[PDB]
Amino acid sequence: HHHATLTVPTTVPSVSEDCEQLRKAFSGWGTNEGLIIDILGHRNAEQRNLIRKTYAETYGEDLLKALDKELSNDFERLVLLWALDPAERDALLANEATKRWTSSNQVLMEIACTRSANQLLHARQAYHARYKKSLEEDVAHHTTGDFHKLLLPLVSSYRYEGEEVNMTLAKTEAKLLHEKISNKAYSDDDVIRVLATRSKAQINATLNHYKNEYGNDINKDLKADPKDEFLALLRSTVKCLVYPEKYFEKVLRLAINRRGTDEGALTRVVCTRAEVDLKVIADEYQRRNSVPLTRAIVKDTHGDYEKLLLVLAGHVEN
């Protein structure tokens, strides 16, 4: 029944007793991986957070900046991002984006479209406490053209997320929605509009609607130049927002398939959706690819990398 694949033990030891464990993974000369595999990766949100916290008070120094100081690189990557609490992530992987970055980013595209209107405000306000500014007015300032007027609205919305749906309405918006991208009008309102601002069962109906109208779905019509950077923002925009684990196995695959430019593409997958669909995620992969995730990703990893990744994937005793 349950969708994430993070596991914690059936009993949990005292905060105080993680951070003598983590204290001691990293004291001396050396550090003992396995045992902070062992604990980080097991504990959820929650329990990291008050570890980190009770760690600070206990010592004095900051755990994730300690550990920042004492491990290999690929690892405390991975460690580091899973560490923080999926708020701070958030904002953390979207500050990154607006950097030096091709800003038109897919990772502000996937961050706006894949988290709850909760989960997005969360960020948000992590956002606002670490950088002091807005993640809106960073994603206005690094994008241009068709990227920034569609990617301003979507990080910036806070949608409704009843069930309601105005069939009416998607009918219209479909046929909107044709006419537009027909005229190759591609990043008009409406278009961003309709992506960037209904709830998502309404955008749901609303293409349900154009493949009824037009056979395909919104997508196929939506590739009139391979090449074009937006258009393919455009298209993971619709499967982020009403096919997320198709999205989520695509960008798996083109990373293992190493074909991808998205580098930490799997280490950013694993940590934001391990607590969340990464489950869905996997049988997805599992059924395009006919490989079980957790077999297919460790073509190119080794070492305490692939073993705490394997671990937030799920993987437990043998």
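Take the two forms, find the largest set of C-alpha atoms that superpose within 1.5 Å, and that set is the rigid core. Numbering follows the first chain given and starts at 1. What changes on going to the form deposited in another entry:
- Superposing the rigid core between the two forms leaves a single residue from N183, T102, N118, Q125 with a C-alpha shift of at least 2 Å: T102.
- Once the rigid core is used as the reference frame, the Cα position of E46 differs between the two forms by less than 2 Å.
- In the core-superposed comparison between the two forms, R258 has its Cα shifted by at least 2 Å.
- For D300, a C-alpha deviation of 2 angstroms or more is recorded between the two forms after rigid-core alignment.
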The other form holds:
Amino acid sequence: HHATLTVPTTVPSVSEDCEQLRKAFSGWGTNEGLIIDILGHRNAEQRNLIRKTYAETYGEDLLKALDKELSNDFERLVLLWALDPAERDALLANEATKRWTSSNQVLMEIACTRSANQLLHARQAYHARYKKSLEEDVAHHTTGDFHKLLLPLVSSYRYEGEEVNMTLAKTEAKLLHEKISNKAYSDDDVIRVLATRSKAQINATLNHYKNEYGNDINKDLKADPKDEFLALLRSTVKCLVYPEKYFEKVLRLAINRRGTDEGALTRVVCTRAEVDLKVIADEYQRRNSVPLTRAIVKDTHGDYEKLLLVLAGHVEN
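Starting from the form deposited in one PDB entry, produce the coordinates for the form deposited in another entry.
Left out here are the partners and the other molecules; the chain alone remains.
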């Protein structure tokens, strides 16, 4: 497995974990380390059960307690992390259509780097929490080419088999090339292949594209380096068939800079820690000659750092 999360061989009982978290909230302040020690080491089912039990036993919402009890980047990380991945994606996707917070890239990212069922599960969480559809928010909030691409992206329920059709791949490779060549970046056919074909079939298409034209599709999506739509296309491509190169680069820009973009760092670590963060981290090393964990040591502080690290696979020390 490519997951970075570590879970004890022996998991304590749900009431053991629940009373320990209770204790962590007692007094003026909180024992962040104890929180990190528990939540940072439970899978989604475990966390779900913990939340369900915490509510039944103590009569309060754990996430409400976590919110009141903490602050800033550490609070955002913990809450984001604590959620079920479907709830987490719903929340993130929701933020990405609103005013202060809004992000095309994030919507693209959720749509393209999730499996079909993970995306569906997000959409169901989205219904439960927000009493609307992700599609209707996305459709309401985006315009132009962004609208044209993102509405089908977040709407997809892709076929997930490994079957590839090579004739089709070859045909659709030239279609893509023809349309891109004529600057018709948002043509039905471009949108269609990226939003509807399986990830295996798109990969095959881009392979034929390269064989046939001698460079990969992103090289031809650079005519205007300023253009935000091209950047979204190039990102869509990467997310669909090279997700770990996408995420490496998100981390790289978040960290290798005079800041940290803590939002991007938090999003990547908390959404991928249960999926493929190990693979992203290897890609980070390859591409930056520093381990990810070390790069985060380096750019982050305190409990934020400490959880980032724990989520990124750090044991003990």
